[PDB]
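6 protein chains.
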Amino acid sequence: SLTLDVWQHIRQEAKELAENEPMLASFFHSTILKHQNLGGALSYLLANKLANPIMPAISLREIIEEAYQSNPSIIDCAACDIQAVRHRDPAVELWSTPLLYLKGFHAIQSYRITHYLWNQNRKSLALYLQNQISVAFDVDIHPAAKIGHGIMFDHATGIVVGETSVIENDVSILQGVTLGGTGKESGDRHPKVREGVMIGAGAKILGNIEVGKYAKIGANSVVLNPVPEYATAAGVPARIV
Amino acid sequence: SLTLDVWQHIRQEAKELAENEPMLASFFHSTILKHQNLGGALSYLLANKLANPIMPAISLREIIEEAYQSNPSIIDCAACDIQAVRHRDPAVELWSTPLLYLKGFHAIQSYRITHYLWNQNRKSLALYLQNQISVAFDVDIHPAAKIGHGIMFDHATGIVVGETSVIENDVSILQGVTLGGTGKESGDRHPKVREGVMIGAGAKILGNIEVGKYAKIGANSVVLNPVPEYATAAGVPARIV
Amino acid sequence: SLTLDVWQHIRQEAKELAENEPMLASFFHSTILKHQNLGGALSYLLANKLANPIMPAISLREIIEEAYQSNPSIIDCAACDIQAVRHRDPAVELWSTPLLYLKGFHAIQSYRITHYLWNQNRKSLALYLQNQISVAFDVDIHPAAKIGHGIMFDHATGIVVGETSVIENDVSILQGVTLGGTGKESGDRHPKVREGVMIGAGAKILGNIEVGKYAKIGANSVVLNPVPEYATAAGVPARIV
Amino acid sequence: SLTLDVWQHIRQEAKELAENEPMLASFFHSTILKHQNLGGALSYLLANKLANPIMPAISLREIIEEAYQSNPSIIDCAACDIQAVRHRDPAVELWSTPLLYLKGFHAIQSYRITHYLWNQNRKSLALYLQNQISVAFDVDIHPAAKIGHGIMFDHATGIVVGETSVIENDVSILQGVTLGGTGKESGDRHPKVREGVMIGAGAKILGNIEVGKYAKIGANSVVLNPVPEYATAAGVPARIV
Amino acid sequence: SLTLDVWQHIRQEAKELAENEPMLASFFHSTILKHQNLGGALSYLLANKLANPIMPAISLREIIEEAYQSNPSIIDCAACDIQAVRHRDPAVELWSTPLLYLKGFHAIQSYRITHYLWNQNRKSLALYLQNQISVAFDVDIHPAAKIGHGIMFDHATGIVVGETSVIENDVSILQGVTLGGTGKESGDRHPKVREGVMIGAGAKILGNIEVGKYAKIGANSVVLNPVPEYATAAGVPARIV
Amino acid sequence: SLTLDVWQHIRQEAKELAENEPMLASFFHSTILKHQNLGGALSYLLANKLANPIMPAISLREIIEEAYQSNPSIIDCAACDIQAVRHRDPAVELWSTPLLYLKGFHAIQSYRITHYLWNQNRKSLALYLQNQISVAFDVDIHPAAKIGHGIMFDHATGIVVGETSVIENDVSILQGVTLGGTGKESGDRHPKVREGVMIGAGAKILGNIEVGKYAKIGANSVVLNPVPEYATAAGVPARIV
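Protein sequences, first through last, are from chains L, E, A, C, F and P. So the number in the numbering used here is just where the residue sits in the first sequence, counting from 1, plus 19. So the number in the numbering used here is just where the residue sits in the second sequence, counting from 1, plus 19. So the number in the numbering used here is just where the residue sits in the third sequence, counting from 1, plus 19. So the number in the numbering used here is just where the residue sits in the fourth sequence, counting from 1, plus 19. So the number in the numbering used here is just where the residue sits in the fifth sequence, counting from 1, plus 19. So the number in the numbering used here is just where the residue sits in the sixth sequence, counting from 1, plus 19.
Source of the hints: derived by calculation from the structure; they are not laboratory data. Certain hints may be false.
[What the hints assert, rightly or not] Mimicking DSS-like on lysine-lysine, the simulated pairs with C-alpha atoms at most 25 Å apart in a straight line are:
#1 E/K232 - A/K203
#2 L/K34 - F/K53
#3 A/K53 - P/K235
#4 E/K34 - E/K68
#5 A/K232 - A/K165
#6 F/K142 - P/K34
#7 E/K53 - P/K34
#8 L/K211 - L/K165
#9 F/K34 - C/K142
#10 F/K142 - P/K53
#11 L/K68 - C/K203
#12 A/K53 - C/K34
#13 F/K235 - F/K142
#14 P/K165 - P/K53
#15 F/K34 - E/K142
#16 L/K53 - L/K34
#17 C/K142 - L/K53
#18 L/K68 - E/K232
#19 E/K53 - E/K68
#20 C/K142 - C/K53
#21 F/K211 - E/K68
#22 A/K53 - A/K68
#23 F/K34 - E/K53
#24 A/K53 - L/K142
#25 L/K142 - L/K232
#26 E/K232 - E/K165
#27 P/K165 - P/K203
#28 F/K142 - L/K34
#29 F/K34 - L/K53
#30 P/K142 - P/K165
#31 L/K53 - C/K68
#32 C/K53 - L/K142
#33 E/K53 - F/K68
#34 C/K34 - L/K142
#35 E/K68 - E/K142
#36 F/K211 - F/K142
#37 A/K53 - L/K203
[Unchecked claim] One-sided excerpt, in silico: chain E residues whose CB lies under 7 Å from chain L:
#38 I93
#39 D95
#40 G177
All residues carry an ideal CB built from backbone N, CA and C; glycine is no exception.
Bound conformation, chain L alone:
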């Protein structure tokens, strides 16, 4: 219902947009209209955006499709993610825009493929794609990280998320945000960003520490200690305001 609604909004938009812009009309038909569900479209776009002669789009599309088949909820996150960005970003009005044009959104959804592959012990492929993702969209997310749905990577450029990190539902992350890693450890070194959290541009959250639900982290904050539920944190190093 969420997934079908979003898909139908996107199709409805794609018809209007193709009428208005004949330079992109075939793009709208081949990327959205001639497909039958969101997963058909997402796999097409991601495959194109991540293609390389080592593994071209046509062949990569099949890996993505097998992932969607064997874990259908990956596509459902994408639908939440589309709605989340549209809602929270005043610049985004169309349902189709995140799907078509936002590289943070593409990064997130592409990470869901590497996470799947990592859990099937196709680690070498996950790593190959981690890099593609990083090069295509400027976003470095380790395949082993655990990310919920309703996530917004707003202007994703510069985001880094480490192997042990956890991002729960409804979290929002701006450009230049780093999650995790103190100069020290191994075996569980990265933040746990609980649900509803807002993280401002440039913010560095480092270490196995909790950022509690509905916390705001200030722009360019360096967060080294746990942040309580509903708190605001700001400064370098960060203080609870």
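Chain L is already provided as a structure; the job is to place chains E, A, C, F and P on it using the hints.
Quick look at chains E, A, C, F and P alone, frame taken from chain L:
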């Protein structure tokens, strides 16, 4: 004209570079020497760097040239921006380096096309190109933003300029800088950066606030409050100094 | 010999990895298994990654090899860098991983080619490649910067290293880090980062200043003053801790 | 099914071939081994070889696969055609070989798509692909031609088959063969080649004439008159021998 | 103007074709509808079809367009060439078809560019393009040949025209036809095909000899002797009938 | 060495031609002038002309060079072949022209690689390339055919050499020529064409037959019987003359 003065410096440099670097001689000839004016070299270059099978270089060129044909001051800005970069960056000695090699310069000039397109109601196309610029140059500038001339985007990775921003003439912006947006609004949300301002690397300027003419923002500052003319602001959050 | 050791380690892993991932098997063979030494594999990958019609991989590879043949220590640095990454980054377990997949490692080894061309007064070429590195890896390093070996550029996106900079051996630099630049100085404006230094994410180090051996710079710090050996700097601006 | 026997044979060769040639191992896996039937492999290959930026492989595959869903005996024909080539060409040993490497086989199978499109009244797409087929394979078949199964287009270079041609089952056609077009007439202008005919290299067969079942046409022969069942025609112009 | 009427017919078809086929709609708009005249459309296509990284579409277009500038009769020939193919080929109905899809037409128009280039003493570039034409369309026409207009190369595969050939207006040539060259001469070795001639598939016209106006050459014919006006020639070697 | 003489000539032509055509300057430098011997230039050229994502030019180049290194006579044949074409084609005047622009020349040299691959039991790779040659150059020659040196494939469209053929030294072959195969039989089916033979355009020679030294086959001839030394054969079927 500055355009014609920069153009003639660029041609004179190309001839000598072509002689000294035969690997790149055809590049200098097809990019610069066989074009009558700056517009031709700029339309050729941007079209190449922003090309995609959805809209190849040869086709994009025609859009860029239609923009130059109907708003020629767009090219006059490019020349201002070239001079700005060469003048303000000690590492850039040649007039041609910005045109050929500086991705920050390239993003700005590409934004100018998207701005044009946005004002012609070709908004799908403008969004499509916004994404391309973000992928090609690591710079996110919304087409509706208002940017003047003589602007330098130096090593421009991670720069973000929001829908509602204003950047006046002779402004300098380094890597990691974002303009705008408290998570507080729709309608006019982003900064107005006035003439001659220098914004240091990694600074975040958030809100519908004034950064007054000739101010200096220190590196990694978070500017949440209006900065008076000629002031230096610094720290997270920023204080006057 | 570290070079030979690392290379044997990487060939060992490649045969095993080819066995597990048939989708990637030929990639491991043409990249690693059918080359006699590290420099054959390196020149292959970097050429592919920096390829452009202006200078396709097949040409570029020759240039990289001329540099390797006439300056073998470039390759020995690569092996140090590989070991540096593996040992220092917890997420990195295989010796092949840095070689194949990490854009930070690729950008450093690429800079070494641009440094060589700069020193042979082939500066057009060095500048053309600087821009390609910046596009492919989102790492901006001036060809004239002097960088040692045992270097890690961990998740390298947004790293900017200035023309005058020096980075001594065994330095670690994370995403978002800038080296150097203030105002109208020329001729030696950029930091000297000394052996063993560790620069946290988002740090901006500005000016012709010293960062003393084995110092730690905290994340998002702005370093305007020289940093003592074995010291920790944090804050905006940075204070000794 | 001939189709399933042929497919089994192709899968069985592909495993052997992948072990023998690690330069090509990934190619055998992405082309054959990771697909579930002959249609998957055929649509993948054809899409790749007819790809253009106007219609990339990944889109083209969708269109080809739709044809296969609507008319599965298009695949059964390919299987028949593979068997034909392997059997009649002594140089062809492997079942995989026609599927992978024979531009005549590819031309025919591609024609089957355009024929389908032509009857679905998508004549623009059909003409577009007729050109792409002509350029990729050097075979010019009009989409309206009627071609049965068991067909071999051996070496196929300069084969031309007119709009009104009929080629029945089990016909063999060598390089440089032209079907049809006398003088000027309109409406039904091209040969009807009957079951089991062998047409030698260079033969030109003009006008709405019957070439009867099991006839042989000699090399470089011009056939202007009907050829009776089991007859051998030869010379310019052709006489029964 | 024939040229103007042809162009207007083409646009008119493009409008209706784009409405019928969404997959090709953008192609129609960017190839035809968004261009002012036949010359702009033709330069777009040829550039694209002969593109190579040595000279990309975008660069080559400027050269094609320079030729069109300093000798606009080249574009008029193209317009007759289009009318000829449509009028003489029963299979070709639309004015747009030859422009978009017929490689015989594309080869002819492409040779006109090389002819221009040859006569401007740009012989190295004319030669480069002669090879590109031959690779792209399988038609080998030497730059120094003299071809008039109203020419139809129907299904052009295998056509070979030598350095001294002369083809006058309204000539028709099918697949596999060769013009000229015998037992070693130099200086004027090649046929002079006068106007209104029709040359059947596979015919080979060797030596410096007149093929008289309005003659018909038979398929697979070898014409070693001069052919009188209005005459039919057939056989190998050829004889008047 | 013939090799060296040819090489010096070519190098000197490229210097002049580079100076005279700046659009191609870097092409002359990257293809010819920066390589030390003919092998270097050849492997570069052929790698580019046979490249494909399945095996890109950079990897193809290594295979080609391995062959040249382990069997240096292959390069010597190339030089003979350059000389043969230059001498025998009156249109071909420069020594660089064959190396750079003639598909017949390229097909022959590409065949030498497949033949080498075949004789190293790399049957799959040789077959992969057979097809690439056939697509790149419109020439089908089987890797197991035995071809000598001083060969000319003059305008090569449509040439077909069977698996069992033998072409001894100094044979010339025009467009549309076919060697061999009659019908049922295996093991030694194709013609043995001896030293010096000239085969005219369109000639089909079929069966395990001797074409004796310095024979002349006429255009469009079908040769079913043996041809005596110095004899001339012409017609369909061919009679000695």
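Hint check:
Distance check on the hinted pair: E/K232 and A/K203 sit about 19 Å apart at the alpha-carbon level, within 25 Å; holds. Proximity of L/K34 to F/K53 is assessed by CA-CA distance (about 21 Å); at most 25 Å being required, the pair is judged to hold. A hinted pair counts as satisfied when its Cα atoms are at most 25 Å apart, and A/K53 with P/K235 does not qualify at roughly 47 Å. At roughly 23 Å between alpha-carbon atoms, E/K34 and E/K68 fall within 25 Å of each other, so this suggested pair holds.
In summary, the hint linking A/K232 to A/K165 is supported, as the alpha carbons are separated by about 16 Å, within the 25 Å threshold. At roughly 15 Å between alpha-carbon atoms, F/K142 and P/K34 fall within 25 Å of each other, so this suggested pair holds. A hinted pair counts as satisfied when its Cα atoms are at most 25 Å apart, and E/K53 with P/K34 qualifies at roughly 21 Å. The suggested pairing of L/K211 with L/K165 holds, with an alpha-carbon distance near 10 Å, which does not exceed 25 Å.
For the hint pairing F/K34 with C/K142, the CA-to-CA distance comes to about 15 Å; that is within 25 Å, so the pair holds. Note on F/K142 and P/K53: the hinted pairing holds, with a Cα-Cα distance of about 23 Å set against a maximum of 25 Å. Taking the CA atoms of L/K68 and C/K203, the gap is about 51 Å. The hint is violated against a cut of 25 Å. Under the criterion of a C-alpha separation no larger than 25 Å, the hint pairing A/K53 with C/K34 is consistent with the structure, at around 21 Å.
About 34 Å separates the Cα atoms of F/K235 and F/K142, which puts this hinted pair outside 25 Å; it is violated. For a cut-off of 25 Å, the pair hint linking P/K165 to P/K53 is broken: about 33 Å separates their Cα positions. About 23 Å separates the Cα atoms of F/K34 and E/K142, which keeps this hinted pair within 25 Å; it holds. Restraint check for L/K53 and L/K34: satisfied, since their Cα atoms lie roughly 11 Å apart, inside the 25 Å limit.
Simply put, C/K142 and L/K53 have alpha-carbon atoms about 18 Å apart, close enough for the 25 Å limit, and the pair holds. For the proposed pair L/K68 and E/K232, the alpha carbon gap of about 41 Å is over 25 Å, so the pair is violated. Using a Cα cut-off of 25 Å, the hinted pair E/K53 and E/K68 holds, with the two alpha carbons roughly 19 Å apart. Between the alpha carbons of C/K142 and C/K53 the distance comes to roughly 33 Å, so the proposed pair goes past 25 Å and is violated.
A distance of roughly 48 Å separates the Cα atoms of F/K211 and E/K68; the hinted pair therefore is violated under the 25 Å criterion. Restraint check for A/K53 and A/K68: satisfied, since their Cα atoms lie roughly 19 Å apart, inside the 25 Å limit. Of the supplied pair hints, the one linking F/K34 and E/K53 is violated, its CA atoms being roughly 36 Å apart against a limit of 25 Å. Between A/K53 and L/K142 the alpha-carbon distance is near 23 Å, which keeps this suggested pair within the 25 Å criterion.
Under the criterion of a C-alpha separation no larger than 25 Å, the hint pairing L/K142 with L/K232 is inconsistent with the structure, at around 32 Å. At roughly 16 Å between alpha-carbon atoms, E/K232 and E/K165 fall within 25 Å of each other, so this suggested pair holds. The hinted pair formed by P/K165 and P/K203 meets the criterion: a straight-line CA distance of about 22 Å does not exceed 25 Å. A hinted pair counts as satisfied when its Cα atoms are at most 25 Å apart, and F/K142 with L/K34 does not qualify at roughly 50 Å.
As the CA atoms of F/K34 and L/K53 are separated by approximately 21 Å, the hinted pair is consistent with the 25 Å bound. Simply put, P/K142 and P/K165 have alpha-carbon atoms about 16 Å apart, close enough for the 25 Å limit, and the pair holds. Restraint check for L/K53 and C/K68: the C-alpha separation of about 22 Å stays at or below 25 Å, so the hint holds. Distance hint between C/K53 and L/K142 is fulfilled; the C-alpha atoms sit about 18 Å from each other, no more than 25 Å.
Between E/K53 and F/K68, the direct Cα distance comes to roughly 22 Å. Compliance with the 25 Å bound is thereby established for this hinted pair. Of the supplied pair hints, the one linking C/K34 and L/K142 holds, its CA atoms being roughly 23 Å apart against a limit of 25 Å. At most 25 Å may separate the alpha-carbon atoms for a hinted pair to count; E/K68 and E/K142 meet this at roughly 21 Å. The straight-line distance between the Cα atoms of F/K211 and F/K142 is roughly 23 Å, inside the 25 Å bound, and the hint therefore holds.
In summary, the hint linking A/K53 to L/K203 is not supported, as the alpha carbons are separated by about 38 Å, beyond the 25 Å threshold. A hinted interface residue such as E/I93 counts as satisfied when its beta carbon comes closer than 7 Å to some beta carbon of chain L; here the least separation is about 20 Å, so the hint is violated. Below 7 Å, beta-carbon pairs count as interface contacts, and E/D95 has none with chain L, the closest being about 27 Å; its hint is therefore violated. Nearest Cβ of chain L to the Cβ of E/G177: about 5 Å, under the 7 Å cut. The hint holds.
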